[PDB]
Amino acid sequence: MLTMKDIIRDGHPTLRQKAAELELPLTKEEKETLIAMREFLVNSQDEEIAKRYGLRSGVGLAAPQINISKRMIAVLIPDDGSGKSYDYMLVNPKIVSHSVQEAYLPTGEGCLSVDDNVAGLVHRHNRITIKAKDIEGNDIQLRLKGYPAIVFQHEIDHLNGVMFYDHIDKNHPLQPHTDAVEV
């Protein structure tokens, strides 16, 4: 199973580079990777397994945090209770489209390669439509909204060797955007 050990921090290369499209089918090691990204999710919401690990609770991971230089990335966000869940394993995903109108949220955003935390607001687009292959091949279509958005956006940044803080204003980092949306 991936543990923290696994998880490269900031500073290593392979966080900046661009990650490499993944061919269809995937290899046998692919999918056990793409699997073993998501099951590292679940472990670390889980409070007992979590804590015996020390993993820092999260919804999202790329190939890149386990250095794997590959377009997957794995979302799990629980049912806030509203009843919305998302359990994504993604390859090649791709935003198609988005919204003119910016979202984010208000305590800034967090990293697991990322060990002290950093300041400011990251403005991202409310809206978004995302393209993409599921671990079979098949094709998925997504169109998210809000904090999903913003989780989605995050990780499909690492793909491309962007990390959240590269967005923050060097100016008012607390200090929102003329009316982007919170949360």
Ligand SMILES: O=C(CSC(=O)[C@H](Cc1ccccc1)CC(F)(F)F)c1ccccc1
The other form holds:
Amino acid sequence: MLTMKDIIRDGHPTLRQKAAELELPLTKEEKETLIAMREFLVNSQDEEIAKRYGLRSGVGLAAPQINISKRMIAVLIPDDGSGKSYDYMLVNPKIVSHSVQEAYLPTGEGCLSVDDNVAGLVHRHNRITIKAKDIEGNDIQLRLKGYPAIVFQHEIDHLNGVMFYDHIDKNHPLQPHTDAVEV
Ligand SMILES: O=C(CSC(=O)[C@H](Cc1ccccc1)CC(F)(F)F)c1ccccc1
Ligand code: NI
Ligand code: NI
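So the form deposited without the ligand is up there; where is the form solved in complex with the ligand?
Below is the entire complex, every chain and molecule, led by the chain shown above.
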């Protein structure tokens, strides 16, 4: 299983690279790592297993974060009230369209790869459409709003060498953009 030992940390060069598109089908090895990434999320969200193996809690992970510079991500966002949950392993995900309307988490964002907490609002598109491939090379189109959309954008940024804190206003970190919605 993956652990925090596997997660590379801010300053590591792989995080600042652009990750390579995968050829399809995936190798037995690539499928294995994408399942393991999902398994990390699951494990990190279990109280017991996370205490035991020293796991930070996560809802998303991009392959660059385990030092594999390939365009695959995993997102595990549990039910949390509404009956909606997000359990997705995506290959070559792409944002094909979005809202003009920005949104933001009012406490900022975190990142498994960033050891410190950073304060600052990270403005993002409130709605997105994503086209990607699943683990078996079938076609996936996702329409996301709000928290799920922020999460996927965060992980997609990882595939382009962008970190959440790059989007934070150095002067006015906690100033929302006008008409940006709080999530
Ligand atoms: O905040 C988190 C997890 S933090 C997280 O998923 C990171 C990214 C993140 C995205 C959007 C908002 C905050 C953090 C993942 C990373 F580091 F792997 F990319 C949480 C976990 C379980 C229950 C409730 C909340
Ligand atoms: Ni992150
Ligand atoms: Ni700004």
